[PDB]
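Single chain ahead, by itself, as structure tokens, in the form deposited without the partner chain.
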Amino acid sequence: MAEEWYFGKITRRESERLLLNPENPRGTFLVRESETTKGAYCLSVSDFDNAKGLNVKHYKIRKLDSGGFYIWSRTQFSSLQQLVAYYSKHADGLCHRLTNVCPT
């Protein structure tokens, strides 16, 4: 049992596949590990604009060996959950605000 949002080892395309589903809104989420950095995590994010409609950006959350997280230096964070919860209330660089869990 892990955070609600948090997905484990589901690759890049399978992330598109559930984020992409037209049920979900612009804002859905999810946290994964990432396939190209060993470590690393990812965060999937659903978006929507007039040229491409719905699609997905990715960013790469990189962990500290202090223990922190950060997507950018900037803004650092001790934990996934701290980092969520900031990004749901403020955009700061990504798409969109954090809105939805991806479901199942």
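Superpose the two forms; the largest set of C-alphas matching within 1.5 Å is the rigid core. Residue numbers count along the first chain shown, from 1. Compared with the form solved in complex with the partner chain:
- Only one entry in 52, 63, 74, 60 has its C-alpha moved by 2 angstroms or more between the two forms when the rigid core is superposed, and that entry is 52.
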Given for the second form:
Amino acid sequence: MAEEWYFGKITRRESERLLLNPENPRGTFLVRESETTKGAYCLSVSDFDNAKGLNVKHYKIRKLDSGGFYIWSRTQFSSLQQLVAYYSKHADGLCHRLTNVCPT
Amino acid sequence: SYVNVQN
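Now the other one: the form solved in complex with the partner chain, given that the block above is the form deposited without the partner chain.
Whole complex next, starting from this chain.
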């Protein structure tokens, strides 16, 4: 479907390398396949910590039978685009709203 | 290491 924020089959280390770029504003993000569980995905986002510096938080996106995806079971979605659209307007669990697509 | 997964 070609969404710029979707990187697919990249490792976690690859996702942190892209997100830990110093030019990324807080809330920069991407969605990728889980590097550990077949069928699962992940939302990786950038944030800053005074003591340690730039950091990346990873959220496991579970994919149901069934269709559907969710970070927390109380807020579910029919697709990955719907999930990103939502969190792009409401943190609702996240430390911050998804602010910017991570540059490829 | 995922924020939403305790275990």
